[PDB]
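This document opens with one chain alone, in structure tokens, the form deposited without the named molecule.
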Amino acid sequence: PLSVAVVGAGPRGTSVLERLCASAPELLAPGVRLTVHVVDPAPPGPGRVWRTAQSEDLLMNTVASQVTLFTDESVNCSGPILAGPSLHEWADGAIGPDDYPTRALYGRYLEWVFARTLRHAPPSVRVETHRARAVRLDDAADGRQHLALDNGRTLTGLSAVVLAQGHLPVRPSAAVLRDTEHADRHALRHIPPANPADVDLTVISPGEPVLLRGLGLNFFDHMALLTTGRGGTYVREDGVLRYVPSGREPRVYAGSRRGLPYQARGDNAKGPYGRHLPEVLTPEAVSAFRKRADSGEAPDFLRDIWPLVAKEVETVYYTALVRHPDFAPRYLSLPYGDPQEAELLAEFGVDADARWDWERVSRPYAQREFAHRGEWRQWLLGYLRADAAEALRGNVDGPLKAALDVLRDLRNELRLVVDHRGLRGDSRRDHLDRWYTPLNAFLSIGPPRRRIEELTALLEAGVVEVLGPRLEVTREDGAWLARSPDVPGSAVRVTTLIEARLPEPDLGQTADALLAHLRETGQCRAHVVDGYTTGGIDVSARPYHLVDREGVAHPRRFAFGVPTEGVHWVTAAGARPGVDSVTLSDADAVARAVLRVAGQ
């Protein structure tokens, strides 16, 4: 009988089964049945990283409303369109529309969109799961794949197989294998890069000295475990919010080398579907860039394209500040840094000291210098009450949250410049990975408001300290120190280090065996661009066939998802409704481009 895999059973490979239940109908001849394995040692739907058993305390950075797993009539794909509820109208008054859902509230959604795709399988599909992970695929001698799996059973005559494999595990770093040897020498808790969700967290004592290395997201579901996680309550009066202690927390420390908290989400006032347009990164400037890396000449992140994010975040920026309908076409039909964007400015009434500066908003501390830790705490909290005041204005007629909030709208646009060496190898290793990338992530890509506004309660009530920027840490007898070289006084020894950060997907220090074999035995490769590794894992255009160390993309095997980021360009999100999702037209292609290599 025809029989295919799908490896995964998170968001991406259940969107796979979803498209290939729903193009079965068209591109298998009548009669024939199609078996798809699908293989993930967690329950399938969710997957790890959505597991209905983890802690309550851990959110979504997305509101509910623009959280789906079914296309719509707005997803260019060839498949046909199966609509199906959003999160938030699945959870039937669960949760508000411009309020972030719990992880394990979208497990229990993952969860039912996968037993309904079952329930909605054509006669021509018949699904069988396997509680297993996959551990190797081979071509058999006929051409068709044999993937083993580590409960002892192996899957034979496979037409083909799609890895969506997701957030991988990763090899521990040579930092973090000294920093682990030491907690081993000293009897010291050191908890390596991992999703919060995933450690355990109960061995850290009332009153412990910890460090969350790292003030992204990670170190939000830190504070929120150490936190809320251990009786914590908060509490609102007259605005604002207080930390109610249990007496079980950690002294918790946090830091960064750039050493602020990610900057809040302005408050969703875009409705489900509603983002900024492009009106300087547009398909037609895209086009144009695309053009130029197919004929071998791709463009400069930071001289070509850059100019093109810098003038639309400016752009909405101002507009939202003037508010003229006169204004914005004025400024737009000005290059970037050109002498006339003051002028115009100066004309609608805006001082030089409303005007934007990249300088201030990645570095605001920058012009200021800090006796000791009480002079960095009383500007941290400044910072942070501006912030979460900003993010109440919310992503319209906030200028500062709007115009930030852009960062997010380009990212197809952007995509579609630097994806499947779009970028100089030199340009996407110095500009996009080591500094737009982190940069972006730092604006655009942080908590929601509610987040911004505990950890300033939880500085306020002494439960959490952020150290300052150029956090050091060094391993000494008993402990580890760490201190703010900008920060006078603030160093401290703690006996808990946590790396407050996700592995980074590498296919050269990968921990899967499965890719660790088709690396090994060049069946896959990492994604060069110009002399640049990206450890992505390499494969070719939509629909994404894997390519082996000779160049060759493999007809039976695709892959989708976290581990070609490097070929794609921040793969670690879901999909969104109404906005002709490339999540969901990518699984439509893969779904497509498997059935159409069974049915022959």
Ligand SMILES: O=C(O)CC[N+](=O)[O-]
Contents of the next structure:
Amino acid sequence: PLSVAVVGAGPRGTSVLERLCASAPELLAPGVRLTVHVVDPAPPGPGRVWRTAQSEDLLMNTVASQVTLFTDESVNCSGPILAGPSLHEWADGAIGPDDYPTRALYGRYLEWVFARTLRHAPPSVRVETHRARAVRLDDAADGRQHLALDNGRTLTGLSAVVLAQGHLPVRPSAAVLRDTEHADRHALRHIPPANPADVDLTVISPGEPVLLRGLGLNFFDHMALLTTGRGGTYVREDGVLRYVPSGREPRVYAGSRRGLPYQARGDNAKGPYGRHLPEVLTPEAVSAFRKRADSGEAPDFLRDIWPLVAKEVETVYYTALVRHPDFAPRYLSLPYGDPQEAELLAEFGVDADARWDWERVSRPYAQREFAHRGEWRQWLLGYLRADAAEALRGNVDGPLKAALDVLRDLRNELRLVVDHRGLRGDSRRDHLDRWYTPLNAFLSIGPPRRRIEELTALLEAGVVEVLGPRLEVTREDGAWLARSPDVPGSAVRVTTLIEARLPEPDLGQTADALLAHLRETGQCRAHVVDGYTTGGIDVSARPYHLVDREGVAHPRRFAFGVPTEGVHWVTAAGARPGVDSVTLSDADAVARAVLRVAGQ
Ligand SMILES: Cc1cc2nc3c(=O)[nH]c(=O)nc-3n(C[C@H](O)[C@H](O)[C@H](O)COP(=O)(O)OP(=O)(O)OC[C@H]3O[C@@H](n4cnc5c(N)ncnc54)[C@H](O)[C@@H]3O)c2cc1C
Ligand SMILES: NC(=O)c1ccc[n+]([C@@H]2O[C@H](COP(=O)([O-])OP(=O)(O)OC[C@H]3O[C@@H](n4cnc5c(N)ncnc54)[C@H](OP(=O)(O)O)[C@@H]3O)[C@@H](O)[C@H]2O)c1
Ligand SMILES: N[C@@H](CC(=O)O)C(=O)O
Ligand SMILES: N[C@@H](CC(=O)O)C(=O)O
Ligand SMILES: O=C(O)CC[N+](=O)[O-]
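Could the form solved in complex with the named molecule be given as well, to go with the form deposited without the named molecule?
Shown next: the complete complex, the earlier chain at its head.
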């Protein structure tokens, strides 16, 4: 009887299984039975990231109304549209549409979507689940696939295998190994990169000096786990938050290279489905870029794409600032950086001090010097208060946060420009991966406003200190020494060093046994763009056949999501409703390819 396997039962594997069930009546012949084997060491639907047994202190970064695992009539795919509830609709008044759910609540939605998919399965499809890791994949003698699980079971005779493996562990860097050894010699705690939900922070004591190395979304999780996760609470008075200490908190120090907590997301005013529709990086502009990459002269990100992104953002900022119907048609007719930009702005009442400045938004401390810790702290509090107040105006009427939310909305169009070798390799390396991607995350993949208002109260209470720009950490007898070379008096000896970031996708350093096996035996390879090696596993165009060391696309193997980062840009994002989600149309295309390779 026919069999297939899905490796990974997080959102992407669950979505493949829902799309398999949707198309199986059209693409399997009458009377044919298909067994789908679903393999995850975590209960299926939520997988490891969204498991319901995690701490309720940890939040999503997406509003509840924009979280779904179901296709909708906007989605351009070949399988049938099967409407279901968003997290907000399913949650039955437990959460507001513009509020941020707990990660455990998304888990409970995902466990229910999985149980519902088994209830709605057509009679041609039997699902079998396996609480296990897959550790080897091989060709059988007839060309069907063998999948070996770490519980000693082997699945044989498979017509197809889908790898939906998401956020995988990585072997520690040389720096992470030196710091782990230093912790062993001096009885310290070193916590390497990980989902904050997976780390044991109960080993940190009250009053202990702790460095969070990182100021991004992992930082905001550890900030919550070491405060409200230890009996801390907040109270609001005259608009303004105050932190109420439990006495169990450590002394929290934090820093990074840029030295700033990530920007607050503007409060959502676009509803469940609202997206900035591009007027500079248009589908017409994107088609022309894809035509040049196709004919072998790929665009340069900095020369050719960045000026369109910059114009897109600046136009939205100025349009929200000027609020006159005639302004934007006149501004959009001007080329990016033309001298008439400045003169048109002056004519609509915009002074030189309200003008966009990419250098200031990137490093807003760089005009000034800091004489001691105290001057850094007062500057930083002023900066975070202004950030929270811009975010309260929302992502439609607030000019700054409307403009930075363009960067979140444009990801669809940037993916179509840069994915599948749409850039030259040297531009991919030096412009996208080393400059745009980290700036973009700082500006547009930051926390809810509430997290910036909490951090500000923690800074006022002295429970958190941010050390300052260009964080330096050195190993000493009995501690690490952390300082900012831009903030005199910032030096502090800590006894816990937390690397507050996730492992990035890296096939070359993977700690997954299955991909290490495929890499050693020449059955997968790193995606390469003109001599630049990315961290991504190489796949064909949709429906994403796995490509072997010699460049051969496998007919029975497909890989989908985070492990393809390099082929694809910003894979670490769920489906949104009403916007022709590529995550949903990719799941549908992968499911239909699996059913066609089985259904011969
Ligand atoms: C901490 C964190 C917070 C996030 N917050 C948000 C957010 O707020 N909003 C948002 O849109 N996105 C968020 N994301 C992005 C995330 O990438 C997606 O939401 C989504 O989880 C990706 O789904 P996936 O199935 O590709 O990967 P994952 O959710 O990582 O699921 C992969 C699954 O595959 C399993 N697996 C891997 N290897 C094997 C193997 N060899 N055998 C068997 N099973 C295997 C794992 O156990 C895991 O269950 C977040 C990610 C993380 C890590
Ligand atoms: N709340 C949530 O839902 C949540 C929680 C956690 C994770 N996530 C998901 O996971 C993704 C990654 O989160 P993240 O916190 O890893 O990344 P992130 O949000 O981009 O923050 C990474 C931080 O680490 C610093 N940094 C990065 N690489 C470093 C390195 N090699 N050495 C030292 N410092 C380094 C960066 O600051 P500099 O930039 O100056 O170095 C930055 O402060 C998010 O984008 C999101 O998709 C979401
Ligand atoms: N339209 C086909 C595949 C394709 O040719 O794109 C499908 O039915 O899935
Ligand atoms: N995944 C996209 C939206 C979509 O599903 O196309 C995002 O980055 O938020
Ligand atoms: O420069 C920016 O990014 C914002 C414009 N401003 O003057 O606030």
